[PDB]
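Enquirer: Single-letter residue listing:
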Amino acid sequence: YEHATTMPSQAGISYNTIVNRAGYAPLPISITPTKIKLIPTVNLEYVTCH
Amino acid sequence: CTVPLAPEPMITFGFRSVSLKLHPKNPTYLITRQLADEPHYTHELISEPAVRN
Amino acid sequence: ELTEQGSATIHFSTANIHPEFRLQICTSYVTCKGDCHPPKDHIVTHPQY
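Sequence lines, in order, name chains A, B and C. When you read off a place in the first sequence, starting at 1, and then add 812, the result is the number in UniProt numbering. When you read off a place in the second sequence, starting at 1, and then add 599, the result is the number in UniProt numbering. When you read off a place in the third sequence, starting at 1, and then add 1156, the result is the number in UniProt numbering.
Everything labelled a hint here was simulated from the structure, so no lab data went into it. The reader is advised that the hints may include incorrect statements.
[Stated by the list, open to error] So the derived list for chain A, only partly shown, Cβ under 10 Å to chain C, looks like this:
#, residue
1, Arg833
2, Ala834
3, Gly835
4, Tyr836
5, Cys861
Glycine included, each C-beta is placed from N, C-alpha and C at the ideal position.
Take the sequences, apply the hints, and build the full model.
Expert: Laid out in structure tokens, this is it:
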């Protein structure tokens, strides 16, 4: 059963929802994001010092 | 006599449709027919991986 | 089987999206009214009831 939703990009806060199939019992879905990284593609050119 | 046994087909369901992924080890007949007054049967020899809708 | 003041549960099968039928129970007719919903499977492995 294809179910699409949307979650805000904010850590710590639990995000709750359910899935209502039209003649069955509602299926609850919970997603709590903990740590959301962002890792760029990093390319060393040179180092320097004294 | 001991006869071989083909791999399990991978059946995907749709609205009034059945798809079949078929990976045979050695050549294998797929024989289908409808359970109505016109059976429309299909006797085919499948030797390669093939999808049949 | 009927008790004195209990409630009897039956199972039925339908094609109706708004089924409504008179249920005969041994003398009398009771009206059963509701709204059915589409099932979850496209292709099943038993014939139609």
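Enquirer: Take the hints in turn and mark each one as holding or not.
Expert: Evaluation of the provided hints:
Interface restraint check: A/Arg833 against chain C, minimum CB-CB distance 7 Å, threshold 10 Å, status holds. Hint status for A/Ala834 relative to chain C: holds, with the closest Cβ pair at about 5 Å, below 10 Å. Among the interface hints, the one on A/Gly835 holds; its C-beta lies about 3 Å from the nearest C-beta in chain C, closer than the 10 Å criterion. Using the Cβ-Cβ criterion of 10 Å, the hint placing A/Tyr836 at the interface with chain C is satisfied: the shortest such distance is roughly 7 Å.
Hint on A/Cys861 is violated. Least Cβ distance to chain C is approximately 67 Å, over the 10 Å limit.
Comparing the model with each earlier hint shows a violation of hint 5 alone; every other hint is respected.
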